[PDB]
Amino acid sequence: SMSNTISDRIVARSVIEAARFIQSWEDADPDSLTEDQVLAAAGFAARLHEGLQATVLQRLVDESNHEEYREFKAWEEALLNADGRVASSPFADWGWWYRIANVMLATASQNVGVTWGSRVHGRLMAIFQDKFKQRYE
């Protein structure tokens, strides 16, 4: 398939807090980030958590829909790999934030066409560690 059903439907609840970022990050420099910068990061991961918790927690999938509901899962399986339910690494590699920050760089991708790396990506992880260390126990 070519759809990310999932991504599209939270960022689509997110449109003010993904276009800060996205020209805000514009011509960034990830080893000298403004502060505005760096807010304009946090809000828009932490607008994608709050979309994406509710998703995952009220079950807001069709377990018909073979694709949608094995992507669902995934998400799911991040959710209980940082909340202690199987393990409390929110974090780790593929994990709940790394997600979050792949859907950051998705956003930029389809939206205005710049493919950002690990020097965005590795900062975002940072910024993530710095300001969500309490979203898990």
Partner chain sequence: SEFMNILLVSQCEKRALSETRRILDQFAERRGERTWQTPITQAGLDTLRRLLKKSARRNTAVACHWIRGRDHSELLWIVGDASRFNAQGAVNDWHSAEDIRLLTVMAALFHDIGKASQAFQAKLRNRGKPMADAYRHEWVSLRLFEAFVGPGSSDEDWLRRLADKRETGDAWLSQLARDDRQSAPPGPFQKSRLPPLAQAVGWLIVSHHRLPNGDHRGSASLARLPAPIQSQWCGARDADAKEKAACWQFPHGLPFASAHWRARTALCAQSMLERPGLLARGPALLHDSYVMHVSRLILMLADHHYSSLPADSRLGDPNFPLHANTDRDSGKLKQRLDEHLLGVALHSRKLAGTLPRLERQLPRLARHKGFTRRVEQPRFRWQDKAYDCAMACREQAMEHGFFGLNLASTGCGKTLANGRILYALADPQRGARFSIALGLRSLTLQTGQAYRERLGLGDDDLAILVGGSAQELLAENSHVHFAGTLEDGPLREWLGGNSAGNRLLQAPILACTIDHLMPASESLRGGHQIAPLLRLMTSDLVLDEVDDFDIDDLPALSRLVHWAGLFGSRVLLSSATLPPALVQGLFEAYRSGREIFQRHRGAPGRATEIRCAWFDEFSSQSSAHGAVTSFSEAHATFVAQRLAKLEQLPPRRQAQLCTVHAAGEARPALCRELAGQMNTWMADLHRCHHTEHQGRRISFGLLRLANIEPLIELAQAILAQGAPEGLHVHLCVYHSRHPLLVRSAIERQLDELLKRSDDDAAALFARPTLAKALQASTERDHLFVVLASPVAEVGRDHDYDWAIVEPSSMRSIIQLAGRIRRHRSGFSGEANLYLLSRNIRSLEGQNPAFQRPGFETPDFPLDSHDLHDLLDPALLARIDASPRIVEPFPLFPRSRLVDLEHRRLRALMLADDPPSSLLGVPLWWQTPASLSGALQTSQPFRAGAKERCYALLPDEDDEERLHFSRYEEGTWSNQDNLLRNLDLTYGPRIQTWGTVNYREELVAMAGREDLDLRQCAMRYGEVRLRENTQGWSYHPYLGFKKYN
Contents of the next structure:
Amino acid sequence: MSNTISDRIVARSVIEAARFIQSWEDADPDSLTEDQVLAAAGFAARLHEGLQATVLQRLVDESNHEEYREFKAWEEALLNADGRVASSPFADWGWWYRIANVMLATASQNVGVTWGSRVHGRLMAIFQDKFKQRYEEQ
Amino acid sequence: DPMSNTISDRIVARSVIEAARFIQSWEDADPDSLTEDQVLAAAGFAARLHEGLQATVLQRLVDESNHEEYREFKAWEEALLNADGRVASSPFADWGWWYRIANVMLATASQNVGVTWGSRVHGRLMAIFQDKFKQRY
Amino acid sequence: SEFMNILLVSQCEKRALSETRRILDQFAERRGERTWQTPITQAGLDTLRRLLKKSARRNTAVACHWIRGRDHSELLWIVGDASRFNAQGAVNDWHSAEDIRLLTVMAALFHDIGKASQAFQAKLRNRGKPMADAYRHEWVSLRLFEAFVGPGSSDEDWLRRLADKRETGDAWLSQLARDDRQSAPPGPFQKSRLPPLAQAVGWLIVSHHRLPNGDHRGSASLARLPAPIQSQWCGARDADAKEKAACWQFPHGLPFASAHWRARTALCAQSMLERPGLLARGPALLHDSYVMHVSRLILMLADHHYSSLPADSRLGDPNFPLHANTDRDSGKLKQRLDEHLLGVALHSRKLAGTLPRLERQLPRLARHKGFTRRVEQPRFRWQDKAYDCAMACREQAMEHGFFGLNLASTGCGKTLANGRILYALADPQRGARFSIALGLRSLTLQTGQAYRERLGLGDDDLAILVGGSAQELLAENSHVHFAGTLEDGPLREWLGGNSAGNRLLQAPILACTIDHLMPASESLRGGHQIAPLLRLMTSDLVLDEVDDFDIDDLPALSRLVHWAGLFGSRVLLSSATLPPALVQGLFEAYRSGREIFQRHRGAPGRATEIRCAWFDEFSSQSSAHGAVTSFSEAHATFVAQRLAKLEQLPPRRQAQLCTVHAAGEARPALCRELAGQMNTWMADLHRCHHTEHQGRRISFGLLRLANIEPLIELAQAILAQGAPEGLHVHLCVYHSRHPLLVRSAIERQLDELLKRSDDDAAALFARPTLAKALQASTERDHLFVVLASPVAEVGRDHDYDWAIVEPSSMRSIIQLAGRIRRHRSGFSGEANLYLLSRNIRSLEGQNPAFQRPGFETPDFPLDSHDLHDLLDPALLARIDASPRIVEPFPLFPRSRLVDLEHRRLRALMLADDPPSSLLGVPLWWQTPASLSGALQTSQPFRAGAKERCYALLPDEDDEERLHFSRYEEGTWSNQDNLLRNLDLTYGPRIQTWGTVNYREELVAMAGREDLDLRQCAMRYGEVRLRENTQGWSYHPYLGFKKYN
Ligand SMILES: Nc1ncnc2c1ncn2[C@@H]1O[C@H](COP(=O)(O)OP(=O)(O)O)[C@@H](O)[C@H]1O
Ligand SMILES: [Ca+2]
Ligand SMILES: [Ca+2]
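Right, and the form solved in complex with the partner chain of this protein, after the form solved without the partner chain?
Once more the chain from above appears, this time first in line as the rest of the complex follows.
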């Protein structure tokens, strides 16, 4: 499972990526500051935008193959998020769940550290709070 | 994003801290006279890139079946061999190793913040490199 | 040449008469109160017409007659109002206008009310460093507006309160629902919130800068718009900062405390209240694409123009604390908030009242002899049939709309035909307005000029919109080449008097790209829709070579066609290769547009029965249709008869499959062996198809490649190797990746040299370039060869003796076939067209192989990439339009090249489940989807890596030094680090032709136009390029190639 697509979007979010990493690098999720939450939100939304663009605009060498599989996984998640096939953007292995995976991987490949399930949980909990009124109607 | 710069985009994505520093520090800057904080931000990111790109060439980190990616890889290879004293020994020559690294730094800047940097800023990055990477300790 | 006896009669009035007399008195002699008669040159006459057009007003009416003898006279042209004259010499239904006017004015009064926040006021005088607001100002406006209306309120409730100018003192902004709150309040468009009329006003307020655009894209929600619209749709994706309070402060309060603003709002509220039935029309208005987008047009343009005007002390309370904008030149805060709201409201009414006058006031083309002149030449006989057919249905098209299909074969004379069809549908008394939109990414000056030449028009009648496509309105480097009436423009006040937009709309005939009009429906932000929307509303539309589009661009084209229908335009598609499922989808897009068009404008209730028409080189016919089923049936019938006639035309082409042998397959190596084989094939084709004169033989060949990178490599390889023994090869490299003026100049040479006819050997060899090339060399055999991208398939009237073609699609193959013996009758019968059995992608082992360009997808795969399987062997012997114009049945989308095209088209055009997007294209007209940017986002036009625009710029200081530069945002940066020159190798007996020295042509361009050498490069020397980190290699002969 390649990460070419993920990398192109991260390489276009360096400011928001560094900001998230520095702000969280040694943090503990059970005691997060306003600014830590917001550092996570700002990165996830930046990734959201780039990846959504990637799927909608079909930015992918369909001839590649390992890349095309990666692309189809994102497409699947998008169509399960935006209402076109389903409406569960915060479901396990869906859109935001995959966005959090990209965020933990980016920290790892930058500063060596390994976040796990506890960080992922708090990210998902932030993404539901900050981003639920993007999909729903009150 | 396209389907053209996958080798450098992978490395940039592993240089976020240093990439952010260069960009933020150099926002609203002046190329012909620069703060010591700046010259340092431009140097550290160029070293992170040197480390990542060298490793890609030496450890052969490329799918040789992609053609497009292999052509980008080959050009980096041709540049390193003209830099490490195997084919030649000219790392600061035009179109060479550091020349290409500054181009990455500029493209990275254009793609995150949309600055206008070009030839003028490039020549100022090349001056720095020629200074601070004069000899490999 | 000869002097003609010329008569001029003037029906001019008012200041126009004064201006006419002041011109005509100079160049002719007065022989009556309103008549001149004088002997004159054709040149002097063309010059006289131009001058007359240039200062013409709406009251100008001059007729020109050629007196050819005592008995005979001929009408040459008319300038201005062609009524005032009979067949030669001297003798509204806007049902929603008031509703629209009132909505727009009310919205105008509330549009920037949100600018009254701490944050926006702060931002006004901030000075620096800048950074954005947080919430967008139009969003806070909407919620301010909602707070005044109050939730669950009636339309009468809020209007009666607003009409009462005794009110009141801000008690209602307690009820303000704030989006800075942790936990959100229900969005302003839910059912228990704003009432219908308020929602229309609400929509107009919130959408004045950008279309709302959300992350939920389910079809059900689209059906319910604007209900779903919440804060995240409206630029408040900008999160956060934590004020979040500064956007919701207001100290001082609001425009409600300005007595002038408060008074004008009461008058508008009063007007709405006394307008019979308007409150009840409320919900029908809100879901009507015509009413909403016309209102948005008026709002945005009034806002755009008033924003540019200086502060007005006579407007609003002089004391008013809040400002709306600052100075652009200076940095000082100037133009109060109430002032601006009132200024925009004023100009909305004024602009609203102007719209119904546009038909009577915009320049038109009348009594053009070129479109009425009968055709003596058989081969263009069909043009006359097509003209009569369109004349015969003019009356029905005027009342019912028009959807026409010019399916004439490649090479038949479609341009003139197209002009004559639309012209026929125009009011004979007032004349025509139409636009020719070509299906290319970029329109060169030369291709624009070819339209002029073919339609017999000059730059006083036909405007060229030059270039490609990305508050200044309509791009920035886009230049409209036009020399006619600009002066007394009906919309000159809001548009510039000399601006691109004004020129674009003033021109009787417009030549541009489909990309240039696309923003009409496609644009998501700014006033990019304004200029082309106006064009659509005031002119008819030719869509030229429309199916050259990538399949993924077709949903946007449908949106555009639907909008042509929706705004009263009449549409003619012109392409030999239009497939059933495409015309079917476009018809439905047009039909559903015209239906809404008919609720406002024309006699009420009249049925939707579109005037459809088919034209080709054999015949033309029209009939009315109000269902897609009967249209489909008439179309299938007309095609079926056309097939019979085609199936029995004498062949002029004969295709043969050439197997390619590879090696690496590393691109350079592949191109070397491919060039190697091409040397043999070219020699074979030259031996069979050539022209002999005085012991020498010349032939012209076309090499078509799909992509520019492999094309450039192949050019290098072909230059490297020589010509084969005994042969002289002249190579011309032609693609889209040249500077725009270079490409124009290549086309100029190719267009001129590739004009052929029967028994023309003597004239051919006499042409200087070829005369020269033959006097210069010993060889008796010359091959003139164009190596071209797919950019040679469309808009080139070229006659090649032979061609070698890399396969991409069936349309491509057909288009290229028609470039072979295009002008010449007969045919030896030997093969003259060679098709590589495989394409570059396939020979490099890429799968899908038929894409970028092409139709093949992993979801729609082919089981063999070899043409030996992908075509019917029966096709090779007679290449014409047949395989594109009818679907085969059954379809083999996996085994056949063309069947794939059809399957892909039928899966997309009208289906409820189009591949990828999964949202039906018809949701554009079956829902209020257009209140959002959901479909433009989810089915994006020109999807892909973005092209950024570059040029070889003469230096700001020194004219003789060139810098490779990138266009940024109103300025060009030096990017010399991203350009590497490239030296070339030549083989024996080879040279180039149809080439261009950049500097020599740049200097020449900057003569014809009286420009600075630099400004000429910025305007005409652009090249569009996908951003690549290490830049490009450049050679003047080859253009730009990606550098690794
Ligand atoms: N009356 C005419 N006589 C000759 N050529 C014409 C005439 N009118 C237009 N042309 C040029 O020749 C073309 C006619 O053939 P056409 O079917 O358009 O070729 P294609 O389908 O390849 O664009 C016109 O589109 C135009 O470029
Ligand atoms: Ca505004
Ligand atoms: Ca405004």
